[PDB]
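Here is how the chains run, residue by residue.
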Amino acid sequence: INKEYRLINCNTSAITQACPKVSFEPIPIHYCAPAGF
Amino acid sequence: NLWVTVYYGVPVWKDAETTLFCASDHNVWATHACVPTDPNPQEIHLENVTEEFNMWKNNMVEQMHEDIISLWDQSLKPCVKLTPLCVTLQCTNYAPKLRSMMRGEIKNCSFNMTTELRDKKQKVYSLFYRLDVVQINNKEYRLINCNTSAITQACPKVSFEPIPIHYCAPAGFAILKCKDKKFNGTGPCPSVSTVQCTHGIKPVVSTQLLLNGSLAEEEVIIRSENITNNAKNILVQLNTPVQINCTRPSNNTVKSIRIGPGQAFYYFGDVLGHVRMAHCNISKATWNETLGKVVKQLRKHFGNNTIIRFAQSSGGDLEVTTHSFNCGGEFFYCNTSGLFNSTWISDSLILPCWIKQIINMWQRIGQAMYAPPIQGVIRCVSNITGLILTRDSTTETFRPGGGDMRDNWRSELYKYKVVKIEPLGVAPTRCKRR
Amino acid sequence: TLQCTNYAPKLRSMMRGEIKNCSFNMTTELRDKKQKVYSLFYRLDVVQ
Amino acid sequence: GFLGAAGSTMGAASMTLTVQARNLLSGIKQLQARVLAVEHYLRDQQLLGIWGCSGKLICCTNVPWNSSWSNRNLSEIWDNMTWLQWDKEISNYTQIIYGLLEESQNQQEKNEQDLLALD
Amino acid sequence: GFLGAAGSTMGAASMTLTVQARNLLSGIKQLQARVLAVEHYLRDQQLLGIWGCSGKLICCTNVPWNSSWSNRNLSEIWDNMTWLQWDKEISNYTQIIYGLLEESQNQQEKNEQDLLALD
Amino acid sequence: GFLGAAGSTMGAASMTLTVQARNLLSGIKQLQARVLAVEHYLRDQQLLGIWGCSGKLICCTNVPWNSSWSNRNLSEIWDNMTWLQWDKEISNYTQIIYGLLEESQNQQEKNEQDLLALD
Ligand SMILES: *[C@@H]1O[C@H](CO)[C@@H](O[C@@H]2O[C@H](CO)[C@@H](O[C@@H]3O[C@H](CO)[C@@H](O)[C@H](O[C@H]4O[C@H](CO)[C@@H](O)[C@H](O)[C@@H]4O)[C@@H]3O)[C@H](O)[C@H]2NC(C)=O)[C@H](O)[C@H]1NC(C)=O
Ligand SMILES: *[C@@H]1O[C@H](CO)[C@@H](O[C@@H]2O[C@H](CO)[C@@H](O)[C@H](O)[C@H]2NC(C)=O)[C@H](O)[C@H]1NC(C)=O
Ligand SMILES: *[C@@H]1O[C@H](CO)[C@@H](O[C@@H]2O[C@H](CO)[C@@H](O)[C@H](O)[C@H]2NC(C)=O)[C@H](O)[C@H]1NC(C)=O
Ligand SMILES: *[C@@H]1O[C@H](CO)[C@@H](O)[C@H](O)[C@H]1NC(C)=O
Ligand SMILES: *[C@@H]1O[C@H](CO)[C@@H](O)[C@H](O)[C@H]1NC(C)=O
Ligand SMILES: *[C@@H]1O[C@H](CO)[C@@H](O)[C@H](O)[C@H]1NC(C)=O
Ligand SMILES: *[C@@H]1O[C@H](CO)[C@@H](O)[C@H](O)[C@H]1NC(C)=O
Ligand SMILES: *[C@@H]1O[C@H](CO)[C@@H](O)[C@H](O)[C@H]1NC(C)=O
Ligand SMILES: *[C@@H]1O[C@H](CO)[C@@H](O)[C@H](O)[C@H]1NC(C)=O
Ligand SMILES: *[C@@H]1O[C@H](CO)[C@@H](O)[C@H](O)[C@H]1NC(C)=O
Ligand SMILES: *[C@@H]1O[C@H](CO)[C@@H](O)[C@H](O)[C@H]1NC(C)=O
Ligand SMILES: *[C@@H]1O[C@H](CO)[C@@H](O)[C@H](O)[C@H]1NC(C)=O
Ligand SMILES: *[C@@H]1O[C@H](CO)[C@@H](O)[C@H](O)[C@H]1NC(C)=O
Ligand SMILES: *[C@@H]1O[C@H](CO)[C@@H](O)[C@H](O)[C@H]1NC(C)=O
Ligand SMILES: *[C@@H]1O[C@H](CO)[C@@H](O)[C@H](O)[C@H]1NC(C)=O
Ligand SMILES: *[C@@H]1O[C@H](CO)[C@@H](O)[C@H](O)[C@H]1NC(C)=O
Ligand SMILES: *[C@@H]1O[C@H](CO)[C@@H](O)[C@H](O)[C@H]1NC(C)=O
Ligand SMILES: *[C@@H]1O[C@H](CO)[C@@H](O)[C@H](O)[C@H]1NC(C)=O
Ligand SMILES: *[C@@H]1O[C@H](CO)[C@@H](O)[C@H](O)[C@H]1NC(C)=O
Ligand SMILES: *[C@@H]1O[C@H](CO)[C@@H](O)[C@H](O)[C@H]1NC(C)=O
Ligand SMILES: *[C@@H]1O[C@H](CO)[C@@H](O)[C@H](O)[C@H]1NC(C)=O
Ligand SMILES: *[C@@H]1O[C@H](CO)[C@@H](O)[C@H](O)[C@H]1NC(C)=O
Ligand SMILES: *[C@@H]1O[C@H](CO)[C@@H](O)[C@H](O)[C@H]1NC(C)=O
Ligand SMILES: *[C@@H]1O[C@H](CO)[C@@H](O)[C@H](O)[C@H]1NC(C)=O
Ligand SMILES: *[C@@H]1O[C@H](CO)[C@@H](O)[C@H](O)[C@H]1NC(C)=O
Ligand SMILES: *[C@@H]1O[C@H](CO)[C@@H](O)[C@H](O)[C@H]1NC(C)=O
Ligand SMILES: *[C@@H]1O[C@H](CO)[C@@H](O)[C@H](O)[C@H]1NC(C)=O
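Residue numbers (our numbering), protein chains in the order written: chain V, 1 to 37; chain F, 1 to 434; chain P, 1 to 48; chain R, 1 to 119; chain D, 1 to 119; chain A, 1 to 119.
Hints were generated in silico from the structure; no laboratory data involved. Heads up, the beta-carbon is just placed ideally off N, CA and C, and yes, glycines get one too. Don't take every hint at face value.
Claimed, not checked - Label pairs and their computed distance ranges (CB to CB): (1) A:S91 - D:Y98: 29 to 37 angstroms; (2) D:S8 - A:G1: 51 to 59 angstroms; (3) D:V63 - V:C32: 27 to 35 angstroms; (4) P:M26 - F:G316: 52 to 60 angstroms; (5) F:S70 - D:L100: 21 to 29 angstroms; (6) F:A33 - R:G99: 41 to 49 angstroms; (7) R:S67 - F:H45: 32 to 40 angstroms; (8) D:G1 - R:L118: 44 to 52 angstroms; (9) F:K139 - P:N21: 35 to 43 angstroms; (10) R:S91 - D:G1: 20 to 28 angstroms; (11) F:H45 - R:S91: 22 to 30 angstroms.
This is chain V alone, in the form it adopts within the complex:
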C-alpha cells in the first residue's frame, strides 16, 4: 500500500472467486454448421 499490503486487483475491479467444483481442463469442442450451411 505504501508491512501493509493490498490485493493487486483492488484498484481495478471486484474479484470473483471461481467455483472450485468446476474443472478447467479443456474439452474438445466440435463446431457444426446450421441447416442450410
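Fit chains F, P, R, D and A with the ligands to the known structure of chain V by using the hints.
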C-alpha cells in the same frame, strides 16, 4: 353460372397490433439488436384509398415507451451503483453572500465515504443543488433518493443525445401513413400511402412543450380525444418552429474519485467563474405569432366569441408544473411563467431554469438515476414544434398540462397505423376446374 | 447477532417457548445511522 | 408496387398478386415476430394446399357461387369495386366458402384416385 | 374432430385427413417449441415434395408393393386394421419405401424432361 | 453424399438434387439461426411457387434462352463445366431470368384461367 376463384396476394388488410423492428443508421439510445436503415426507403401512394386512422388507439405508442424504457434500463444497469452515497450530509451554503437568484441553490455538503479498502474511510466535500438535497431536521441533509430508491451512477461515456429511431413492420405487415395536411389525428384519411418503415423518431424527453417534432405545414393542428372533455390533454402541432436557446452559463468544475474496486463516483466541484442561473431565451415576436395561431384555432374549436386565457400550471411536481428537457446530459427545468400569461378578448423573454442532478424519469417511483456532471458552460438550441394544453364559462383558461411521455410520442406517431396483410380472398368468376 | 428472551414467560398452552422476543442492531436508510429494533420470532427460525 | 393496386379495381388489381406474394416474407420479440409471420404464411399455404391450389396464385374450383352471398354481377364486382369493399361485403361468408372448398377438394381427390384405379 | 378417426378403420380414417392436417400448425422454450413444430411440418412437406406429392393429401405413386413388407390382403388392411396397427405392421420398412419413392420421382421427372424435349 | 457431386459435371450433378434437398433441412443465437434457415428455405420455395414449379426439382419453363447470358453450346455447358463455374458465369443475369420467369408464369396463369372459362 358463377364459381369461386381463390386469389393469393390480394391487397386487403386488417387492423393489427404487432411487434415492430428497430432500424437505425457511446450513446444511451444506441441499440445492438437494431438493423441499418434502408438507404432508399420506399413509399407507395395509394390512389383513391380512404381509411380511418386513430392516433388515440395507436398501438405503436405502447411499443415506443416500452422500447425506450427497456433500452434505458439496459444501458443504465452495467454502470456503477452508488450504494455508499446514501449517507448523512453536513451542509452549508456554497456562496453565502450571493444576491442573485442562485442564492441558496447550491449547498456544500460533507460526508464520510467508504474507500477501496474496507478498512479505510475518506471524508469528501461536494456541491449539490437545493432540489436534490433535502433537510433532515451548519445543517444536516440527506439525498432525496434515500427517501424512496437507490441510485445508479450513469456511465459518463454514454451520451444522451436523441438519435432518430425508425420502426419497421415485420414481414406480412405494413405501416400506412396518412400524409394528409390538417389531419386531426382521427377519422377518415384520403391521402393514405404504404410504407415498409417509418422515418426516424428521436427519443426527445420533454414536458409542456413539444421539442424537435414534426411541423404541420398547412396550419396549426389541435388534436384531442374529446375536445370538450377537460380530463384529456390537447396536443398542438405548430406550423412554424420557435427557436429556443437554453443554457447553464456557469463554468462548473468536475471532480472524480474511486469509491470501491473498479467503482468511481463523479461529482460537482467548485465554480470557476461568477455564479449565474440557467435560463432560456425565447423570442417574444415569434411566440406572439405562435400564440395568435393557437388562439385562432382554439376559437374555431370552441367558438369565435370565447375569451381565451393562458396561465401557469396550477399544481403537481416539478416535472408537471415546469418545462423539462435534456441538453448534453444535463437536465433542465424551466418555469415558462412568461409564456402562458395572457388573455385574448375579441423583445426576448428569459425564463429562469433550475438543475436537478438526481431525476425520476417516466413517472417511475422506486427507481432513480444520478446523472454525471458536465464540464464548463453548456448551451443548446432547439425548436419548439408543438404545445401541450389542458382546459379548466365565458372564458376558457388553458394551462400547459403534460406529464405523460406517451402523449409526446403519440404526437409524432399520429400519422402512422399498423395493418396486417390478408393475402387470401375469393371472388366469383366464370371459371370451372377440370 | 440477535438478543432474545421469552415473549410470554407464563403460559401453559404448549407455546411456552415457541415465540421469542428478540432485538438487534439492524441498519437504516442512511449508512451512518443504526436503529435498534425489537420483533418476535418463532423458535424454529432462531437458533442459539 | 406493393399494395399499389389496393385502390384499383379488382380486375386490374388481380394482375399485381406477385408483388404481395413476394412481400409476405420479405431481441426475443423480434424472433417471435418472425416466427409469427412464418406461421401465418404457412397457414395460408396449407389452406391453399387443402384446396388444391398450393402452386398457383389464381385457381378455379368446382364449388358454385351461392348468389346469396353477393348478387352483384361480374361487371359490378370486378370493375366498380375495390378488394377492400369486396372483402367487407363477404366478411360473414368466408369460412363457409372455405369449408365448401375443402369438401370439394376431398371429393376431387377421391374421384381422381378412383379414376386412376381403372386399368 | 382431431384424431377422432384414430380408432376407426383405415378406410374410414382416410376421409378425415383434412382436419388432422389443418391442426398441425394451430419464454424461450415455447418459441423453441414453435420453431420445432414448423421444422417438422416443413420436413413432411419436403418429403412430399421430393416424391412429387406436395399438392395433395392423397398421392398415388408408381412404386409397386413389395408384398414382403406385409402380405395381408387389401381388404384386410383397409377394413380390419387401424392406422396405429398398420404403422406397427410396417415400422421396419419405412426407410426403404421412402428411398424407393425418391428414386421413382427422380426417374419420373427425368422422363418428363425427355418427353418435353420432343418437338 | 452432401455436395458429393459438387465437383462433378453439371449433367452428372443434376442426378443428386434430392440429396441436397433432404439435407438442407437437417442460446438465443441458435434459435435465430434455425429461424433464419427456415426463412431462407421458405423464400426459395415461394420463389419456385411464383414461377409455377410447385414441388418439382427440375422445372422446365416457357422462357427462351437469350444467348447473351451465355453463348456456350449445350454440350459444352453440361459436359465440360461444373455448377460453381456456371453459377459464377451468369451471376450478373440471375435477377433478369427471375423477372422473366415471374412474368411468364403470370401470363400462363391468366391464359389458363381464360381457357377454363370457355364452356
Ligand atoms: C433538437 O435538435 C438540436 C439539433 O441537433 C439539438 O441541439 C444539439 O444538441 C446536441 C447535444 O447537446 C449538441 O451536441 C453537443 O454540442 C456541444 C457543443 O458545445 C458539444 O460540445 C458536445 O460534445 C461534447 O459532449 C459529448 C458528450 O455529450 C462528448 O462526447 C464530446 O467529446 C464533447 O465533450 C455535443 O457535440 C449539438 O451541437 C446541438 N446542435 C447544435 C446545432 O448545436 C437539441 O438538443 C435537440 N433538442 C433536444 C431537447 O435535445
Ligand atoms: C466546502 O467546505 C469545505 C470546508 O470549509 C471547503 O474546504 C475548505 O476550504 C477552505 C477555503 O475555502 C480551506 O482553507 C480549508 O482548508 C478547506 N478544508 C477542507 C477540509 O477542504 C471546501 O472547499 C468547500 N467546497 C467548495 C467547492 O468550495
Ligand atoms: C439571453 O439574453 C440575455 C439578454 O437578453 C443575454 O444576456 C447577455 O449575455 C451576454 C453574454 O456575454 C452578456 O455579455 C450580456 O451582458 C448579457 N446581458 C444581459 C442583459 O443579460 C443572454 O446571454 C442570452 N442567452 C442566450 C443563451 O442567448
Ligand atoms: C492502479 O491503477 C493504475 C491505472 O488506473 C495502474 O496503472 C496501477 O498499476 C494500479 N495499481 C497497481 C498496484 O497495479
Ligand atoms: C465523519 O465521521 C467522524 C467520526 O468522528 C465525525 O466526527 C464527522 O462529523 C463525520 N463527518 C460528517 C460530515 O458527518
Ligand atoms: C419522502 O416522500 C414523501 C412521500 O410523499 C414526502 O411526503 C416526503 O416529504 C419526502 N421526504 C422529504 C424529506 O421531502
Ligand atoms: C377530426 O376531424 C373529423 C373531420 O370530419 C371530424 O369528423 C372529427 O370529429 C374530428 N375529431 C376531433 C377529435 O377533432
Ligand atoms: C365528450 O365530452 C363531453 C363533455 O361533457 C361529453 O358530454 C361527451 O359525452 C364526451 N364524448 C365522448 C365520446 O367521450
Ligand atoms: C440562438 O442563438 C443564435 C446564435 O447566433 C442566434 O442567432 C439566435 O437568435 C438565438 N435565438 C434567439 C431566440 O435569440
Ligand atoms: C402580438 O403583439 C401585439 C402587439 O401590439 C398584440 O397586440 C397582439 O395581441 C399579440 N398577439 C398575440 C397572439 O399575443
Ligand atoms: C415561476 O414564477 C412564479 C412567479 O410568481 C412563481 O410563483 C413560481 O413559483 C415560479 N416557479 C418555479 C418553479 O420557481
Ligand atoms: C401575468 O399576467 C398579468 C396580467 O394579467 C401580469 O400583470 C403579470 O405580470 C403576468 N405575470 C407573468 C409572470 O408574466
Ligand atoms: C472553464 O474552466 C475550464 C477549466 O480549464 C477552462 O478551460 C475554460 O476555459 C473555462 N471557461 C470559461 C468560460 O471560463
Ligand atoms: C428549426 O426550424 C428551422 C426552420 O427553418 C430549421 O431550419 C431548423 O433546422 C430547425 N431545427 C431543429 C433542431 O428542428
Ligand atoms: C446495538 O449496538 C450496540 C453497540 O453499538 C450494542 O451495545 C447493543 O447490544 C446492540 N443491540 C443489540 C440488540 O444487539
Ligand atoms: C382513381 O379515380 C379516378 C377518377 O377519375 C380514375 O380515373 C383513376 O383511374 C382511379 N385510380 C384508381 C387506382 O382507382
Ligand atoms: C344460397 O344461400 C341460401 C342461404 O340459406 C341457401 O338456402 C341456398 O340453398 C343457397 N343456394 C345455393 C345454390 O347455394
Ligand atoms: C350489374 O348490376 C347493377 C345493379 O346491381 C346494374 O346497374 C348493372 O347494369 C348490372 N350490369 C350488368 C352487366 O348486368
Ligand atoms: C354480418 O353480420 C353482422 C351481424 O350484426 C351484420 O351487422 C353485418 O352487416 C353482416 N354483414 C354481411 C356482409 O352480411
Ligand atoms: C369401434 O368399433 C365399433 C364396432 O362396430 C364401431 O361401430 C365403431 O364405429 C368403432 N369406432 C370408431 C371410432 O370407428
Ligand atoms: C420384395 O422384397 C425383397 C427383399 O429382399 C426383394 O428381394 C424382392 O425382390 C422384393 N420383391 C418385389 C416384387 O419388389
Ligand atoms: C383377407 O384377410 C382376412 C383376414 O382375416 C381374411 O379373413 C380374408 O378372407 C382375406 N381375404 C382374401 C381374399 O385373402
Ligand atoms: C422389426 O425388426 C425386429 C428385429 O430387428 C423384429 O423383432 C420386429 O418384429 C420387426 N417388426 C416388424 C413389424 O417387422
Ligand atoms: C475428376 O476429373 C477426373 C479426370 O479424368 C475424372 O476422371 C473424374 O471422374 C472427375 N470427377 C468428378 C467428380 O468430376
Ligand atoms: C437479349 O439481350 C439483349 C442485349 O441487350 C437485349 O437487348 C434483348 O432484349 C434480350 N432479349 C431477351 C428476350 O431477354
Ligand atoms: C461448343 O463450342 C466450342 C467452342 O470452341 C466448340 O469447340 C465445340 O465444338 C462446340 N460444341 C458443339 C456441340 O457445338
Ligand atoms: C459481372 O459484373 C462484374 C462487375 O460487377 C464484372 O466484373 C463481371 O465480368 C460481370 N460478369 C458478366 C458475365 O457480365
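Is the hinted range of 27 to 35 angstroms satisfied by the C-beta distance from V63 (chain D) to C32 (chain V)?
Holds, at about 34 angstroms.
Is 22 to 30 angstroms a correct range for the gap between the Cβ atoms of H45 (chain F) and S91 (chain R)?
Since the Cβ atoms of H45 (chain F) and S91 (chain R) sit about 27 angstroms apart, the hinted range of 22 to 30 angstroms holds.
Consistency of beta-carbon spacing, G316 (chain F) to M26 (chain P), with hint 52 to 60 angstroms
violated (36 angstroms)
Has the hinted range 20 to 28 angstroms been met by the Cβ atoms of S91 (chain R) and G1 (chain D)?
Taking Cβ atoms as reference, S91 (chain R) and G1 (chain D) lie about 27 angstroms apart, which means the hint holds.
Kindly confirm whether 44 to 52 angstroms is satisfied by the beta carbon distance between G1 (chain D) and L118 (chain R).
Since the Cβ atoms of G1 (chain D) and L118 (chain R) sit about 34 angstroms apart, the hinted range of 44 to 52 angstroms is violated.
Consistency of beta-carbon spacing, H45 (chain F) to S67 (chain R), with hint 32 to 40 angstroms:
Check passed, 37 angstroms falls within 32 to 40 angstroms.
Do the beta carbons of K139 (chain F) and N21 (chain P) sit within 35 to 43 angstroms of each other?
For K139 (chain F) and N21 (chain P) the Cβ distance comes to about 38 angstroms; the hint holds.
Given a hinted range of 21 to 29 angstroms, is it respected by the beta-carbon distance of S70 (chain F) and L100 (chain D)?
Since the Cβ atoms of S70 (chain F) and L100 (chain D) sit about 55 angstroms apart, the hinted range of 21 to 29 angstroms is violated.
Could one say that the CB atoms of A33 (chain F) and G99 (chain R) fall in the range 41 to 49 angstroms?
holds (42 angstroms)
If I claimed the Cβ atoms of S8 (chain D) and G1 (chain A) lie 51 to 59 angstroms apart, would that claim hold in this structure?
Given about 43 angstroms between the Cβ atoms, the range is violated.
Outcome of range test on Cβ distance (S91 (chain A), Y98 (chain D); 29 to 37 angstroms)
Given a distance of about 35 angstroms, which is inside 29 to 37 angstroms, the answer is holds.
Of the numbered hints given earlier, the model fails hints 2, 4, 5 and 8; all others are met.
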